[PDB]
Amino acid sequence: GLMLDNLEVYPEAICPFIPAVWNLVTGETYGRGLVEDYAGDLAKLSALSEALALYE
Amino acid sequence: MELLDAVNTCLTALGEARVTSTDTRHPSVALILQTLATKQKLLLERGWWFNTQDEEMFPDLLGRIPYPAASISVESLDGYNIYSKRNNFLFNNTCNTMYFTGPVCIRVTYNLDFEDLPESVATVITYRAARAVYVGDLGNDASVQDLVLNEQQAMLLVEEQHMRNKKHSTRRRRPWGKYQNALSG
Amino acid sequence: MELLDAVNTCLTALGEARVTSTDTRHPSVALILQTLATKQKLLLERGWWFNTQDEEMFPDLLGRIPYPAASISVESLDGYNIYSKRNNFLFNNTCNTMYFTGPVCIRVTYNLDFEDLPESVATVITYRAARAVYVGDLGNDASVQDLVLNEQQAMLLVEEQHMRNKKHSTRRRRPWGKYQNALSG
Numbered sequence: 225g226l227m228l229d230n231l232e233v234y235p236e237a238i239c240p241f242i243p244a245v246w247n248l249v250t251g252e253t254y255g256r257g258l259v260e261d262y263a264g265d266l267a268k269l270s271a272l273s274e275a276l277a278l279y280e
Numbered sequence: 001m002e003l004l005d006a007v008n009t010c011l012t013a014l015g016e017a018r019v020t021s022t023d024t025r026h027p028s029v030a031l032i033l034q035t036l037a038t039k040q041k042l043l044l045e046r047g048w049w050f051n052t053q054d055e056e057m058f059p060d061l062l063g064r065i066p067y068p069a070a071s072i073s074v075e076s077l078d079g080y081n082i083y084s085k086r087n088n089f090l091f092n093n094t095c096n097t098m099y100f101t102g103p104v105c106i107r108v109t110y111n112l113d114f115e116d117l118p119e120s121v122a123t124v125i126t127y128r129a130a131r132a133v134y135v136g137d138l139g140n141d142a143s144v145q146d147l148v149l150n151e152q153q154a155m156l157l158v159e160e161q162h163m164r165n166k167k168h169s170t171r172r173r174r175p176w177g178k179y180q181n182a183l184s185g
Numbered sequence: 001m002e003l004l005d006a007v008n009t010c011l012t013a014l015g016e017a018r019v020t021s022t023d024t025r026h027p028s029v030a031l032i033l034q035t036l037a038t039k040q041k042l043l044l045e046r047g048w049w050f051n052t053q054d055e056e057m058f059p060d061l062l063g064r065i066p067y068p069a070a071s072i073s074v075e076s077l078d079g080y081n082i083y084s085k086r087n088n089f090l091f092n093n094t095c096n097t098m099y100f101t102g103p104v105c106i107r108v109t110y111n112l113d114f115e116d117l118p119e120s121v122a123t124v125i126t127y128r129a130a131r132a133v134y135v136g137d138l139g140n141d142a143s144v145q146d147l148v149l150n151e152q153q154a155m156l157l158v159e160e161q162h163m164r165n166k167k168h169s170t171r172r173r174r175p176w177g178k179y180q181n182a183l184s185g
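Residue numbers (the authors' numbering), protein chains in the order written: chain A, 225 to 280; chain P, 1 to 185; chain O, 1 to 185.
Careful, some of the hints might be misleading.
Below, a list of computed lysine to any residue pairs in the SDA-like style, where the Cα atoms sit at most 20 Å apart [said to hold, decoys possible]:
#	chain 1	residue 1	chain 2	residue 2
1	P	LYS39	O	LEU4
2	P	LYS166	P	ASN51
3	O	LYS167	P	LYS39
4	O	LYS39	O	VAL133
5	P	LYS41	O	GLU151
6	A	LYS268	P	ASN51
7	P	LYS85	P	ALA70
Please keep in mind that the hints were generated in silico from the structure rather than gathered at the bench.
Can you build the whole structure from these sequences, using the hints too?
Here is the structure:
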């Protein structure tokens, strides 16, 4: 609970904190990544890699 | 399929006259019944879609786990452990001991009444018993080639029915589930 | 499978009348029992999934290690050493001596009662004994072609069951364990 003072005020243009998003669906709060669009191929590739390792 | 029908079929195949009750004191009826029972017990040993279930057993005060009376075979399901039947009790083959510490999981194959068996299984059993009796009582004549053929035709239907009931599929493997989970977001 | 059932099956295959007790004084029963015992002893020599265990033995005061009475075969598990049975005692074949210095590890194959054997094994034993008696007592007729066929069918099921119980896998080799350990950090 204890405060530490250090109050600071910045105009909105020169604020030092910058949140960013890659893809933002309207209505939500957090964005989405590029990898999410191609999950099926990676999932289908991992199992084949496992089978190849078993044969090796 | 009543036992009387199978007995009459065997008698007709053997050439003797038909009967009316399975309790008749004819001496061939006892041999027919014993052969039918033995063949039925042997056939169902492997396990099919109607006589296989999973069950859990608990130890006694001393630590001995008995097994069901109607079972024909036992198998383990705990890792790579091995179990077997000995002295009317389960034996721990992996540790060479008879006393257990807790419950276990095992596969069991049960023996059922002749009436409850499907028609296809009953035909196979009847035609196996008929040949087993005819060959041992009258020699290997040229008429056994029909009994063997009937047995093979019945076995084909039995296998087809078992394959149909089990409903095996490639969608039940876990990689498909993982793929479907991935295809969601 | 009670011994009486096997005796009755052999008698029926031989053409004689069935019996009620294995203690009956008929002279063929003794031959049947001896043949069954010999075939049972021979079959289980190699070892299966229900009669194989590892054990350790200790030396006596002099230095002689006895072996279990029910065993059928012995094998070594210490490096490249070789052991064998001789004069009711273990023999050190690698050093040509009978006196040991400490405990040893060896594989043992045990002989069990006929009742405890699975159905598939009992059928094979019964059908081997039946042929061994029929051929030696009545000649090589055309009816042995059914006994051999039954024996082969039973042996197939025996082998399938043994393969199922052992649960061999490629994941139990140590390279897989090393790979899995590497895939962790």
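Distance restraint between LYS166 of chain P and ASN51 of chain P, which requires alpha-carbon spacing of 20 Å or less: holds (12 Å)
When you check the alpha-carbon spacing of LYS167 of chain O and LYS39 of chain P, does it fall within 20 Å? violated (28 Å)
Would the hint linking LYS268 of chain A and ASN51 of chain P be met if the CA-CA limit is 20 Å? Distance ~37 Å between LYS268 of chain A and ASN51 of chain P Cα, so the pair is violated.
Does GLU151 of chain O lie within 20 Å of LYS41 of chain P when you go C-alpha to C-alpha? holds (17 Å)
Straight-line alpha-carbon gap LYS39 of chain O to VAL133 of chain O, limit 20 Å: holds (12 Å)
Check whether the Cα positions of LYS39 of chain P and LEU4 of chain O lie no farther apart than 20 Å. Cα-Cα ~16 Å, so holds.
Does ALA70 of chain P lie within 20 Å of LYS85 of chain P when you go C-alpha to C-alpha? Status holds; Cα separation ~13 Å.
Violated hints for the displayed structure, listed by number in ascending order: 3, 6.
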